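The chain contents come next:
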Amino acid sequence: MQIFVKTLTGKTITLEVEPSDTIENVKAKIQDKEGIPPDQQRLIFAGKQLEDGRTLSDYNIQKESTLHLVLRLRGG
Amino acid sequence: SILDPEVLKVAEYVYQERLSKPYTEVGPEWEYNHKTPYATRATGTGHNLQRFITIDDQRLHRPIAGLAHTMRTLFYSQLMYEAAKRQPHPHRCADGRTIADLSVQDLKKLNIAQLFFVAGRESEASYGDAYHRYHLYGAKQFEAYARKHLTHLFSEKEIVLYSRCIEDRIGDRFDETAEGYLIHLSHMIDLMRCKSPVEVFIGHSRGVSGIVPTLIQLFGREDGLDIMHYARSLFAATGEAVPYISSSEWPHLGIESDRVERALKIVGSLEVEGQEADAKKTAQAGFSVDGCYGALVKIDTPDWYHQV
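The listed protein sequences correspond, in order, to chains B and A. Position 43 of the first sequence, counted from 1, bears residue number 43 in the deposited numbering, the numbering being contiguous throughout. Here the deposited numbering = 1-based position in the second sequence + 2.
Simulated from the structure, these hints should not be mistaken for lab results. Among the clues, some could well be false.
Stated by the list, open to error - From the derived model, a few chain A residues whose C-beta atoms are all more than 10 Å from chain B:
{"id": "1", "residue": "18"}
{"id": "2", "residue": "43"}
{"id": "3", "residue": "51"}
{"id": "4", "residue": "88"}
{"id": "5", "residue": "102"}
{"id": "6", "residue": "126"}
{"id": "7", "residue": "138"}
{"id": "8", "residue": "153"}
{"id": "9", "residue": "197"}
{"id": "10", "residue": "219"}
{"id": "11", "residue": "222"}
{"id": "12", "residue": "223"}
{"id": "13", "residue": "228"}
{"id": "14", "residue": "249"}
{"id": "15", "residue": "281"}
{"id": "16", "residue": "307"}
Said to hold, decoys possible - Not everything, but these chain A residues come out facing chain B in the computed CB check (under 7 Å):
{"id": "17", "residue": "35"}
{"id": "18", "residue": "243"}
{"id": "19", "residue": "256"}
As the list claims (entries may be wrong) - Label-pair ranges, simulated between beta-carbon atoms:
{"id": "20", "chain 1": "A", "residue 1": "222", "chain 2": "B", "residue 2": "29", "range": "40 to 48 Å"}
{"id": "21", "chain 1": "B", "residue 1": "39", "chain 2": "A", "residue 2": "259", "range": "33 to 41 Å"}
{"id": "22", "chain 1": "B", "residue 1": "18", "chain 2": "A", "residue 2": "41", "range": "23 to 31 Å"}
{"id": "23", "chain 1": "A", "residue 1": "250", "chain 2": "B", "residue 2": "48", "range": "45 to 53 Å"}
{"id": "24", "chain 1": "B", "residue 1": "29", "chain 2": "A", "residue 2": "224", "range": "25 to 33 Å"}
{"id": "25", "chain 1": "B", "residue 1": "48", "chain 2": "A", "residue 2": "43", "range": "19 to 27 Å"}
{"id": "26", "chain 1": "B", "residue 1": "64", "chain 2": "A", "residue 2": "43", "range": "35 to 43 Å"}
{"id": "27", "chain 1": "B", "residue 1": "29", "chain 2": "A", "residue 2": "231", "range": "29 to 37 Å"}
Built from N, CA and C at the ideal position, the CB exists for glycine as well.
So that you can see chain B by itself, here it is in the shape it has in the complex:
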């Protein structure tokens, strides 16, 4: 499915994912597309933070869902 990844400033991408896809898996995907290292990404959905072991289906994340990325500095 598609899910939206927005920085707090508002720069947005989509990803093609599957609901049982770990956040570590999706952080690896966000690096493949954008060059942002996993541990420079703090991910948030429905006002909770997202965890590396858990799945999208453990947060109820469905098609065209917006997650929120906290990025301090591009290239930092």
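Given the structure of chain B, go ahead and fit chain A onto it with the hints provided.
Positioned in the frame of chain B, the structure of chain A alone reads:
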């Protein structure tokens, strides 16, 4: 918008001993996996998150819990002091005082305490066990320094007091004291730099209001949104990525439209664009107290703010 030189001298020592120093609870031994929860020294996520960034091949350690975050809260506690005084009936804490009752001396003591609030971090780890351990370290770092150099300013009752605030004990109220209330409310504003609009405007549960609703409920919509725009100007001044705001997007963030409409009746409409992080401003803020302080004093406080 002016801080006592004895406050900045305490922030000089803190930056050298704690905020400059790397994150030491990190690496493989502090990784976490729920599935194997006690296969590591970590009992929860977050130990390896944003440990440093690189500006001109220089490390900016604990960037999100660093010098710019720590010193921005002092300006917020100095603004809310006047904001509280404008209220007929400011919130009255468990000790029986309001922030408005605080004198100019207590605020200088409260500013010195705010410096060690997150200074005891060893990582971005956020689970209560890491959070309460790190707050305990910052508290003991305060106690030692305060007992040794600041007896001319603090009484032994006040070190006990301010250490208890920084600790944020399990079984102490939010506003248990008018100093700790304000220290929390200062810490809180600055969360705007790392939180989704939900936790900022909707609140992260049905109970909890949301950061800006808190500023509006306590200080009024006018004073309450002045305080928010100033927090976001101070983000800009310290090279932080200023978030955008959009009341049109709140319905599509996976919440029940009760808590959106509640936030919409309270916040009102807010549309306002975000601004992108600057390596140069961030580094100026992050690597010296002089550069942090200088970058932040330049920024206009609202029209009603007149320091005593």
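Hint check results:
| no. | hint | verdict |
| --- | --- | --- |
| 1 | 18 | 22 Å, holds |
| 2 | 43 | 17 Å, holds |
| 3 | 51 | 6 Å, violated |
| 4 | 88 | 30 Å, holds |
| 5 | 102 | 31 Å, holds |
| 6 | 126 | 8 Å, violated |
| 7 | 138 | 22 Å, holds |
| 8 | 153 | 38 Å, holds |
| 9 | 197 | 7 Å, violated |
| 10 | 219 | 18 Å, holds |
| 11 | 222 | 25 Å, holds |
| 12 | 223 | 22 Å, holds |
| 13 | 228 | 21 Å, holds |
| 14 | 249 | 14 Å, holds |
| 15 | 281 | 6 Å, violated |
| 16 | 307 | 27 Å, holds |
| 17 | 35 | 5 Å, holds |
| 18 | 243 | 5 Å, holds |
| 19 | 256 | 4 Å, holds |
| 20 | A:222 to B:29: 40 to 48 Å | 45 Å, holds |
| 21 | B:39 to A:259: 33 to 41 Å | 36 Å, holds |
| 22 | B:18 to A:41: 23 to 31 Å | 26 Å, holds |
| 23 | A:250 to B:48: 45 to 53 Å | 23 Å, violated |
| 24 | B:29 to A:224: 25 to 33 Å | 44 Å, violated |
| 25 | B:48 to A:43: 19 to 27 Å | 24 Å, holds |
| 26 | B:64 to A:43: 35 to 43 Å | 39 Å, holds |
| 27 | B:29 to A:231: 29 to 37 Å | 36 Å, holds |
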